[PDB]
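Chain B: place on chain C using the hints.
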Amino acid sequence: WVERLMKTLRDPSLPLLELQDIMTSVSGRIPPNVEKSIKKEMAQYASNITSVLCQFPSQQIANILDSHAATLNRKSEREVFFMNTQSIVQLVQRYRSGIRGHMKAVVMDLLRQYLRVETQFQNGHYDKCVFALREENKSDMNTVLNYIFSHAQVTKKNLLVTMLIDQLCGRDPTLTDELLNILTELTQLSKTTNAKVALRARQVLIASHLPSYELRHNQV
Amino acid sequence: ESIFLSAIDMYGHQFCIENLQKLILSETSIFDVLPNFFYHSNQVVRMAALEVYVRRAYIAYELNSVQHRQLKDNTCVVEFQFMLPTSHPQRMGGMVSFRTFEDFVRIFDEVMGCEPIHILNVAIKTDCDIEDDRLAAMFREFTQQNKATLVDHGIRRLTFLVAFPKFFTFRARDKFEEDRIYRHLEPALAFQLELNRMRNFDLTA
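Listed in order, the protein sequences are those of chains C and B. When we follow the entry's author numbering, the leftmost residue of the first sequence carries the number 881, and every step to the right adds one. FYI, in the entry's author numbering the residues of the second sequence are 1101 to 1189, 1231 to 1255, 1284 to 1332, 1352 to 1393.
If you are wondering where the hints come from, they were derived from the structure by calculation, not from laboratory data. A portion of the hints provided could be inaccurate.
Mimicking BS3-like on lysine-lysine, the simulated pairs with C-alpha atoms at most 30 Å apart in a straight line are [what the hints assert, rightly or not]:
#	chain 1	residue 1	chain 2	residue 2
1	C	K920	B	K1122
2	C	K919	B	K1122
3	B	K1122	B	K1294
4	C	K984	B	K1294
5	C	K1018	C	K887
6	B	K1172	C	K887
The following block holds chain C by itself, in its conformation from the complex:
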């Protein structure tokens, strides 16, 4: 599942299919101007699949949609346009940073789901965490049970997290100001059961500051 997610997210034709699915389900209620612009942009991107100097034109679709919005046509041209284009807005928002940025952001979201669980089992014993969750979630005991149930299988979660980190910050020695925060929080899991996910994370924090052999080879 992880390898297929990785290869799918790296395949440039994925947001093309998402675009086709959102647009084919909405044939009307869209101005022909933005629809034709989107069609031309996606046709170009489709004609330039698997080629250098090619990226998904999320910004151009955002540009034409925001331009038609800036015109702001009133009386059923405003509301219909602003409502029946939200799917394409979400599509460009997901791929605002390209297929590679979306790929990294998905794994970041999975790691954020991990932290969402495990950050409640630090800073206290088991009973302290459970009591604090009951006090925080008085109106529903299902949330606390979900927390405990997720924490039960933390070893399998750790294995999947290691597999995720292997593909997020591997052969790409660079880290942005978002991955670094997730990795920082993940390394502060002092509880020994999560040590596996902390240790590997520290490797990334030290691994992406090394030469790639290209600088030395080329210069020398």
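Chain B in isolation, oriented as in the chain C frame:
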């Protein structure tokens, strides 16, 4: 060479892209270096070359689509779709590289699978002895026999780029496969010579 070989380890680091953009959008000639990127070690730089050179050459053309294809060999081809805004009122083309002679003639009909609007260009690694007659005869021997450029879909001109670069343009459609006038000229930069101005003359190069 550094820009071309450094982007091949992993492309999409947001600095090799701008470097290729600088190479395409710069006024300085880089055609004395580009044809030598056959592989040099890597076999991916082929595409990186084939997409830059054309981009560098086709400056008067509105280029709307570039695509990278590969045959089940060590033969990568790049296809282009472009047009002229206000001249001769849609064109297409493609470029491929080969090694020393034979991969060109061997899979010629396959690499062709990208009004005669198609423009086909080819580069071959013969890095020795600038000799117009020998290379011209070598290429003409094949063009005089293989007429796929006319009967497949219709290809206006076939450009033979010898790797400093020597360009031999041929038209195996109606006329004898030879061009002494546009020899050593890039066919997309043939406009940047003011040579079509000699309309009332029979020219001798």
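Hint check results:
| no. | hint | in the structure |
| --- | --- | --- |
| 1 | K920/C x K1122/B | holds, 26 Å |
| 2 | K919/C x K1122/B | holds, 29 Å |
| 3 | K1122/B x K1294/B | holds, 26 Å |
| 4 | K984/C x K1294/B | violated, 40 Å |
| 5 | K1018/C x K887/C | violated, 43 Å |
| 6 | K1172/B x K887/C | holds, 21 Å |
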